[PDB]
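*Asks:* Below are the chains, spelled out letter by letter.
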Amino acid sequence: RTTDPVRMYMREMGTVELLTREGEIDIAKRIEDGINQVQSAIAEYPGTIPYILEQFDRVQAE
Amino acid sequence: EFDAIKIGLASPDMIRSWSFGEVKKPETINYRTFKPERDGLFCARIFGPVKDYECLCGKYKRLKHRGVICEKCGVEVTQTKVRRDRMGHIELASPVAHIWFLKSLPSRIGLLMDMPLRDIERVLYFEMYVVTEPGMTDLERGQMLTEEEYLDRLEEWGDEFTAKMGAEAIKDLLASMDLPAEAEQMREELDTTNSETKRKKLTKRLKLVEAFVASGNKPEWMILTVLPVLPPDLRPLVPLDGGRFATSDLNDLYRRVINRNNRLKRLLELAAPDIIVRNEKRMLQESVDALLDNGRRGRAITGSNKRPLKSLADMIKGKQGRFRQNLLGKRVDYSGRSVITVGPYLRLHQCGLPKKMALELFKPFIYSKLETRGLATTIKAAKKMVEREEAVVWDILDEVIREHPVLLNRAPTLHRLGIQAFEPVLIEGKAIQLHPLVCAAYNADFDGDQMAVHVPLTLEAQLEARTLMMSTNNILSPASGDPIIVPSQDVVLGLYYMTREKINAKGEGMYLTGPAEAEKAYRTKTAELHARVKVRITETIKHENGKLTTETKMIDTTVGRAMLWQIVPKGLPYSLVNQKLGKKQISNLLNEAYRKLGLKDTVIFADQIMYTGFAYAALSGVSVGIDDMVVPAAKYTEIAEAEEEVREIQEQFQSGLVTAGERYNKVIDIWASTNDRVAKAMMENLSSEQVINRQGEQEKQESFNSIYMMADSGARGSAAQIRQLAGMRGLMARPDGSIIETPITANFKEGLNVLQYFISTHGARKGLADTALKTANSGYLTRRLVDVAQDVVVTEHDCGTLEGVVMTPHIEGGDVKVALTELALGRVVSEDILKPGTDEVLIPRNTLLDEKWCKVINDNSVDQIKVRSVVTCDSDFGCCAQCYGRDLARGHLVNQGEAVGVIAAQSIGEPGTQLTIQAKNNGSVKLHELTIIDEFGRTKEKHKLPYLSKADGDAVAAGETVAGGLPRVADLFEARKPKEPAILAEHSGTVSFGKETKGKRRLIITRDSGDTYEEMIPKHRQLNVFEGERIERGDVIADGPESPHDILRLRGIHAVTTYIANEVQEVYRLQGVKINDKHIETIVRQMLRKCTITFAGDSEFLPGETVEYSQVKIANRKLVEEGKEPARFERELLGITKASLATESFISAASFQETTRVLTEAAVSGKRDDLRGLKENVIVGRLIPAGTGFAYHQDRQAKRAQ
Amino acid sequence: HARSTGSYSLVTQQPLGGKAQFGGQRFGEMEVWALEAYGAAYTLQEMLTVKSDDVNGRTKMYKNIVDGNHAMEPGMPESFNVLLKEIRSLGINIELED
Amino acid sequence: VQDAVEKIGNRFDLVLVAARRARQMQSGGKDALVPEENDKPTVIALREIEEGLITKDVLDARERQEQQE
Ligand SMILES: [Mg+2]
Ligand SMILES: [Zn+2]
Ligand SMILES: [Zn+2]
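Protein chains in written order, with the UniProt record's numbering: chain A, 95 to 156; chain B, 16 to 931, 950 to 961, 981 to 999, 1003 to 1018, 1136 to 1374; chain C, 1243 to 1340; chain D, 6 to 74.
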């Protein structure tokens, strides 16, 4: 019905309701949960911890 | 070097092959160093060095390192002109559909994928899915799925199918198309379909599919994955004064495309929501379409100046496009321009040129001669020598232009006489001096006009100017054959005054030995110029066979007539001069001199005529004054009578006897009658006087009034002008068309008051505006006519045909409109001209009708003859000399290589500005329509027979009562359908009524085979024919204008040719314009070049295909040679515009108009232009296949054949 | 106004327009039509190629006139090459065959 | 140019042959067969054609003789 991409863009973004404070905290908690699961999955690796340990060894030596 | 040009789709591999690198950044130049940036729009590594044989570092800088790559820059050490040739490419992140192959209706992508355009836009605009691979699923290819519907069938099937969005989905659909299977399916459906509309749909789609199959192109190439980038020097970013820079809009468009592409890659790297990626792809598509064609897809992007950016399509198309502004027309060197004055001392081949202008134009020639004769050691010495303007420089200039012709032009160039070659004569001054006799050819008058001058350089150009373009050669009008150098104004006035006759003049009745003694008597004041004397005249006649007979005899004449005979060349009768000489008489003199003596004698005679006319117009002392506008005494009394009876009729109207409209009409009638009577009285008063002769008796003599002499001689002025000067201005019109009741009763001698002048201005403004618009309309019409007939060149001598056109004198009532001699002069007969009532052959075949044979035909009273015509010629390309006939501008048979089409178009288009039953003879009556024929056998009356005193074969005596101009020409040449066309008889059969369906009526016709055809006639139609009547094919059913297509379809080629010729000649003859009909016949031939193939035979031709005619003729000749099934066709009539756009060459069609559509069609089809016509060779700089270059092109097809 | 040889345009490589720019007169479409009607093929080729936009051709033409030869070696007008580049830039393959 | 086109028959062929003769007299070392009378090579060639000395066949024969030698 229209040819201007701007109007189609606004149509597409207007289909989702606006979020509240609690929604923001909920989404941030989901992001942190995903990051925590990824970190836990990587931490179960024999080669991951030695890298962090040697990086700390170099850092502590100034 | 090259022989043909192709066009077609560009594959990504081809675009990459063109490119010398990939543009990755929108950078153009540094803001401090002004140097090109790496991997930008102006990169030196991709497009080449900025300086000659240098690189951006400065390490390799001389010619010693040519062709080497600077290992720390990458800039190739070469010339900078490579920046006008080297191209780049952009690797698009996502495929983008081409705007031309999507929005140029019909959409090629749309009808290749048999789905509507709006569907394709919905997919491209990222709103609807398309199923590409259905797999083991009920879905079909091309079926649209909404987003939610897409997830539904995703969760209900999974990975079994594939549905996509955007140009990528279109590319997947187009790449999986099996073109041969589609073609087979279309053919099978075409045979087994019973609806013709569906047949049209399928034949279009099948034509496109077969074009794709044969051309080798692939459909997926309509979707762009690699975008070519123009060379930087064609989109320059150059500095101006003060540090300002000037750029092209292509830079902005390319920067937008690159920015959006890079942002798309960034969004695809940093994983983003699908909405953002979809928006970015939409922006990429919009930017690419705007770069290719701004404003086609939607709102046009505008720059910082708030005006739309102009794109590649705008730079290749339009009036200001490359085709028309830089290819068909150019600015040239060795050219000048100056105001034009009049040179009365010049000859017909001479033009006055300023010394400074010639010094500037002929500078290299002066340098060459100074070097040759040793006055200058080097070229800089010659430069300073010319700049210092030494005398020997002037002598060198004199010897340079001694026999170097120069071309003079005046804009507009309506016909070929607008540019002519002259021999220059250096004059001290600043204005070009022009010979008066050529002014009529230039339409030039000395009120401030300017002319351009061009210098031919090579020997071929000089000889073309001397032989073809010289003013002495072109003294005949190519449109009609009449002379164009006829005298006008002061020459005509002088020749008229010298040849007038006066009663009781000094020296009347004297006897003179010859013209010399007449001149001696005039110079000694013995006799006046108008004295009636007797002169011994020796007169030589050259007959048609060449006999030279001299007779000396005593002739009653005037002194001036003998002094004018002093300059008449030998071979002409004295009767041509023994009369008062107006413009018509001098034109007749020049025509007779040309016809009986030749060209050189005609030129000398014209020069002497104009010298003598100027001299004796100066000696006459003719002056205009206020006492020469005599106002008749009857005007006041007649105005009083008209006013009084206007009062009487107004009083009668107040009594209610007649209405208002009747009163208006009769008041107009009385005022017109009063104006006519006042004009007649003024003419009678002004045209005569009373004198006293030698006997003392008062005698009636023609007036020597200045204005009367000006009007009667034809120099300037007419009866209407004198009527407004000395009589009544008359009735003028309200500017909507209505005529005001009260007229202007005052002439310009007495003067007008406020309202009379206001009414005059009402019409004056309309006249000016009408001229202003009609000039442009005529220009557009002549452009169309030039382009439709530009291909017509005389290619052979005899075409070996027997067809011809039958010509008769034109009759539009009881009097002739044109004699048979005028129509048959300069043509070639097709069959032998048999004398009526006899079997003898008066004129054999293949003979040119000149004036002698025209007089023979007139003497033997031949009514109808038949001659060869251009339209009936059967040459494969162009026409032949015999079918065209005499060259009007030359007088002999047309030479091979003549561009007759351009001459025809110019001849028709030039006069565009000038555009806007009782028997009367004794003879017999014949029925066919009614014809009345004299006893000699010439049909001299043609009359209609509405559905009579004498029957057929009955003799009738005299008096027996047996009982919007230029639009019209444009409509006739465009073959426009009338608003309410006349319904014609499709076939010969009996008429019958039918069921009167609601809305509109139906009729039926029964053929001789018993088949019944139904015709669909509207309710509001006057029906002429009756049931039970066998109407022949082409009979009128409902009266009205006749469509040219119908008369072509039902009656024949000769019928439509005659119709168009008669209508065009009627509109041109109402305004008194002489145009030969062979030009119209050439235009009509160009209007008949296509044919719909009806019976396909077996030569590869689909039924209903609009093939071109000569291809069918050649194919039929080969088929006849093979004795194997020929083809049958119906010829169509296309307007000049449609015929121009339907030509074989796509270069000419693209240069004409609708460049985008023509280019798209040619690219999809994969067309090939062989450069056979004038325009393509003009564009590519080669010689035109006409005239001097013709033989050259012939040699080319002598080489290609071998 | 008169011009033998002077300045040229940046893109079209054609003579400028106007007395102020010391430019050259325009040989328009109707002038070409008149020349075609006459049959002066060589004069038209001179105006199209060696006077407007054939750079090498016009340089050699000037040299030949200085050397008193009065012959031309016509070439391809630059405007046609520009047009070919534009048509190529529109994703359309236009080429020349031998 | 009436005499030249009468002798040759076609204006275009006349122009081509006259151009060939003029280039022969100007670029080459060929001399005029008629008195020059202080005339340009094109006019001299036209006069030669008018006198009937020079035609296409004569030029072709002379070129063939030169090629043989
Ligand atoms: Mg004027
Ligand atoms: Zn470098
Ligand atoms: Zn013919």
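By construction, these hints were calculated from the structure, which means they are not laboratory data.
All residues carry an ideal CB built from backbone N, CA and C; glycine is no exception.
Fair warning: there could be bad hints in the mix.
Per the computed footprint, the stretches of chain B lying under chain C, defined by three or more beta-carbons under 8 Å from a beta-carbon of chain C, are [unchecked claim]:
no.	region
1	351–360
2	825–837
3	843–853
Think about it this way: if two alpha-carbon atoms lie no more than 20 Å apart in a straight line, the pair counts; the simulated PhoX-like pairs of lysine-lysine are [to be verified]:
no.	chain 1	residue 1	chain 2	residue 2
4	C	1305	B	395
5	B	395	C	1302
6	B	445	C	1305
7	B	66	B	39
8	C	1305	B	399
9	B	1246	B	1262
10	B	96	C	1302
11	C	1305	B	370
*Asks:* All the hints need checking, so say for each whether the structure fits it.
*Replies:* A quick look at each hint next to the structure:
1. Given as covered by chain C, the region 351–360 of chain B passes the check, having 3 residues with a CB less than 8 Å from a CB of that chain where 3 are the minimum.
2. Counting residues of the region 825–837 of chain B whose CB falls under 8 Å from any CB of chain C gives 0; the rule of at least 3 is not met.
3. Residues of the region 843–853 of chain B with a Cβ under 8 Å from some Cβ of chain C number 0, which does not satisfy the need for three, so the listed coverage is violated.
4. This hinted pair checks out: residue 1305 of chain C and residue 395 of chain B have alpha carbons roughly 14 Å apart, not beyond 20 Å.
5. Proposed proximity of residue 395 of chain B and residue 1302 of chain C is supported: the alpha carbons are some 18 Å apart, at most 20 Å.
6. Our distance criterion of 20 Å between C-alpha atoms is broken by residue 445 of chain B and residue 1305 of chain C, whose separation comes to about 30 Å.
7. The hinted pair formed by residue 66 of chain B and residue 39 of chain B fails the criterion: a straight-line CA distance of about 23 Å is larger than 20 Å.
8. Among the hinted pairs, residue 1305 of chain C with residue 399 of chain B is consistent with the structure: their alpha-carbon atoms are about 18 Å apart, no more than 20 Å.
9. For the given pair, residue 1246 of chain B sits about 31 Å from residue 1262 of chain B by alpha-carbon distance, which is inconsistent with the 20 Å threshold.
10. Taken as a hint, the residue 96 of chain B and residue 1302 of chain C pair is honoured in the structure, with Cα atoms around 18 Å apart against an allowance of 20 Å.
11. About 24 Å separates the Cα atoms of residue 1305 of chain C and residue 370 of chain B, which puts this hinted pair outside 20 Å; it is violated.
In this structure, the hints that do not hold are numbers 2, 3, 6, 7, 9 and 11, in rising order.
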